[PDB]
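Given next, in structure tokens, is a single chain: the form solved without this ligand.
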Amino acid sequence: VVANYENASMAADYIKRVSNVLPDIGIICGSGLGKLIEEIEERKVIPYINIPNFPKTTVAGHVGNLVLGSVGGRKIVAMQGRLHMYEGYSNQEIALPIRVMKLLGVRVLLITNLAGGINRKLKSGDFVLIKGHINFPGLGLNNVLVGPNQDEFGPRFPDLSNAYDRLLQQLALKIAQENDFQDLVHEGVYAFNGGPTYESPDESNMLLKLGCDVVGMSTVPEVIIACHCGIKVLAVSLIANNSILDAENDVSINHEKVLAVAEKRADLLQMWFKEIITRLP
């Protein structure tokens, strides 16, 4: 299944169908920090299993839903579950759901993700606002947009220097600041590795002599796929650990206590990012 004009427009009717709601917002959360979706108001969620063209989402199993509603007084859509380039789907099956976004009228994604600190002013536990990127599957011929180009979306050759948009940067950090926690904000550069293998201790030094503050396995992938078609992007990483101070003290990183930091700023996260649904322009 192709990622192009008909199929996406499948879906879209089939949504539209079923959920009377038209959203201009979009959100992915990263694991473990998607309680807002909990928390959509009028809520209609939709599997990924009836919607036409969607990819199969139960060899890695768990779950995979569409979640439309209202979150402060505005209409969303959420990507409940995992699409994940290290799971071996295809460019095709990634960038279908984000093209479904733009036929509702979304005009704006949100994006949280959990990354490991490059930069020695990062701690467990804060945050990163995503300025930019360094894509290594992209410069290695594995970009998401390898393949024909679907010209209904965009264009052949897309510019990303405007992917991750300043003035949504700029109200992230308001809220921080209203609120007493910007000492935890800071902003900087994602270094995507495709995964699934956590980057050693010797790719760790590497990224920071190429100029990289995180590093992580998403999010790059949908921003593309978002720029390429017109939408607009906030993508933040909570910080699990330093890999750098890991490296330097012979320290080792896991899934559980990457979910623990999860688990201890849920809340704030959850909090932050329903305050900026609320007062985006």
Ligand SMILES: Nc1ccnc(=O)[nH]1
Contents of the next structure:
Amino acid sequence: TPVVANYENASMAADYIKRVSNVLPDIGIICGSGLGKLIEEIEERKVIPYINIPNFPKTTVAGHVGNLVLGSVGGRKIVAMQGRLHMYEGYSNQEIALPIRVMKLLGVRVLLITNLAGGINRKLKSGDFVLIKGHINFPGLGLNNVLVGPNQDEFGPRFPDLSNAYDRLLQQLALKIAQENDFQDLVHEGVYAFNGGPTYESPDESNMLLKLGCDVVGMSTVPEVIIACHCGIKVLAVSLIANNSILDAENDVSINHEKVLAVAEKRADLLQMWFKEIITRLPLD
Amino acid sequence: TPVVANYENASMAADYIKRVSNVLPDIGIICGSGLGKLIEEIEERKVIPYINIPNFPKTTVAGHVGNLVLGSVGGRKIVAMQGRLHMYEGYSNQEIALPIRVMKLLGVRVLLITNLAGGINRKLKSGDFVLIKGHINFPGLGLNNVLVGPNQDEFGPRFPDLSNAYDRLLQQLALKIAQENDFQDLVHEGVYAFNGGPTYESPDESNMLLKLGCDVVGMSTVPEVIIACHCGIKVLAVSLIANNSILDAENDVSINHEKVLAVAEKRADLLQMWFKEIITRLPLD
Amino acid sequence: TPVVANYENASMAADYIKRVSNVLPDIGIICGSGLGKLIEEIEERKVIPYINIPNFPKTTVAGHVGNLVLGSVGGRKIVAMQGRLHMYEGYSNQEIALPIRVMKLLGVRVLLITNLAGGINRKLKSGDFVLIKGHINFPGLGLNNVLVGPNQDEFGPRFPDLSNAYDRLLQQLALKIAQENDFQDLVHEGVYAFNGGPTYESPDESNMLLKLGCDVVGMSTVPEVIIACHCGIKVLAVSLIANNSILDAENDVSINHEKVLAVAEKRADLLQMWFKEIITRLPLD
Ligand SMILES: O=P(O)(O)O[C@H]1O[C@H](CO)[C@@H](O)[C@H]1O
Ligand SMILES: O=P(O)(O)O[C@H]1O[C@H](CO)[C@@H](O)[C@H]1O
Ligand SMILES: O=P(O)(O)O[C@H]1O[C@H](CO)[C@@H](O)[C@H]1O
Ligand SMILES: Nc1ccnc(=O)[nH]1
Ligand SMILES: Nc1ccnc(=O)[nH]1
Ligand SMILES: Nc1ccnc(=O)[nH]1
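Next up, the form deposited with this ligand bound. The previous block was the form solved without this ligand.
What follows is the whole complex; the chain from before opens it.
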């Protein structure tokens, strides 16, 4: 239609997934542009095309990969979205919410998210990591919040509070692992601005974001964070900085997706190892 | 469809209402969360379910009460919306506009509005009242203004000016009545930020709103104000402060709808008496 | 449907236009409110109603003029939109994009745009011109960017960079011509804030825009700029200042479309002469 991300429809998708894999996952992962290699290293993995799963959103107009992958990483049972849904593609609120709510029904209690983002804070360099500690949701302020529509009461409340959407203990664990491996000099914390996209933030938008307290800006993540928070899934979200948009504005330097993907390639293996250790270590609560 | 909030469709609804009640109302009221008790005290009242009124928006997906109530308060003929339409539910621009335009055709020249809101200004405490003197309409800046769509010329102009949307004399009368009853220490004036919702403003969004000159933030009111202003209805809008979001961000205190409704209960009777006196006193122009 | 602004649909419209006119235009023009007289002075002109062109957006609900006009100005072949499409009317992303993509297929490599706007910068007076050097796209930040939807790869990339959307050489040429004619005292440069509309920026929104680095605010232009930039068309965009919204807020002065059109009439002939000279002079690259 697209179908509504309701209890019945999410249950039908979860039923199918449980029949095709015997994996009851505890952790969900959604990976940023060029940051998906960990999904290829899931052990005893089961690849389920979105197109095979009842009620999953149609992704053939955008094309490219679209699989749910289940298996084990670091002794833990996980489910990954291989082929992230971005709202700049035109996916509706219901299409974004359904896969996360299916994760919830499958057993997911922690969602780990990566993205590629532009740096606003002057401290940030290309290749740095930012642990996201809060956000500025321009679509949400502007009546395009991912939860606009009827509330699905079986998943969560009509009015979620987002002040604890980014779990503090998970940020602390991520930082501890970076310190153990001596890459903590790459790791910052910051506020993520959600630019709906798909045009990169303009130079004057970047300057505005700096004035408003934003540390990084990107086109993803906040919708999934909100759906997860609504249904009680804890979240860790990490941005990989492709560029510093404030410096680029001052120096008339352009940004493009090829530059973004080159930064992703430069940090992909380190991010994979970091997230593998996070998965192995995160409290089995 | 939903139907268009045009002259013909609004007239058909008004025709029905005039046949079911002999009340020609001069004043409209729309009440905030937990602030609806005055509607139950309308004298010689006629309760008309929205579902009975031709062209009124369907509200059964959200459920809960949805009635138009007509009768007398303080010697004046009034019409109330019992069960407010909020845009975070997914109601379209046409669905929001039609009931206000029906009010206009029925004779309404003044619309009184209450809401529950978060405090941004550091002066504001839970339980305070804010007379709204202007707004920052994030949905409107972002192409979700309630007037996006064809203009309905019979109601108003293509490009309304909102600099006089909140009538100054009505604010002055509201304040005078608070002074007469010695609760003026609870009363402030301020700029209302419209957060489309339904998630509460995040801590970092609250900090941004402070920087931008916002005094309070909420998820309602601005759409109705704009439809009223477009068709020449004067507006008084009063926010009841549920919490101070800036202090809550500094102290890691959460907000939820149960806390909101508890503040509503604490001030409901005083707000009812205040608005009853406003209705009784507001100039019969 | 509206139809998708894809390669096939834009080609069908271009085919029709090429059959009805033998004009292969190099320059496109889109003119602001009351600023369309140059279109009436196109030489050897061919007027093609939008309603006659396959796949052009339906504009009969809004009504008013809607023609594509082709011919010669200053020795150059041009195509003009007579009757601009504004997103506050409810036109979709596909409806806005199709005419610009048709321009691209017809041969357009430079798009000249005028608009009427409110002044935010304190230096700006009614009747001044602002060469637009960048923008703040509130709809784009808020998930209403004109490119939301599937990417049309034949026209441009999924993620455009807008740092060079407003050609610097074209701004320099426009300014040089103003200096040659001794009206450079009217000409400024500035950042344009896109208010989706159709309500004028409220006084408190104007104050916010000043804090955020905006020089002017209006309800058009940015969507066309983005579609042009996406498909490699260079842009010059010039705002005519109808009023200073910051001064109006301080002095409680209203704005309305009649005042806007009166400023347009006061500068229409000078703007026509300026743009005619720009067309004549702009580099035949
Ligand atoms: O956020 P992720 O998925 O990493 O992708 C980011 O990189 C792409 C732009 O280069 C956009 O998709 C943006 O959201
Ligand atoms: O504005 P009112 O109708 O009072 O309701 C406000 O309170 C609720 C959130 O607690 C939201 O509906 C918000 O808009
Ligand atoms: O931008 P142009 O087309 O000049 O029109 C501007 O003037 C009108 C408001 O007065 C709006 O249409 C605004 O966009
Ligand atoms: N500069 C950016 C890089 C990647 N993603 C963004 O949204 N912005
Ligand atoms: N803090 C808040 C209370 C009530 N409504 C809001 O929107 N925000
Ligand atoms: N003040 C204004 C004049 C014209 N257009 C606008 O958007 N604003």
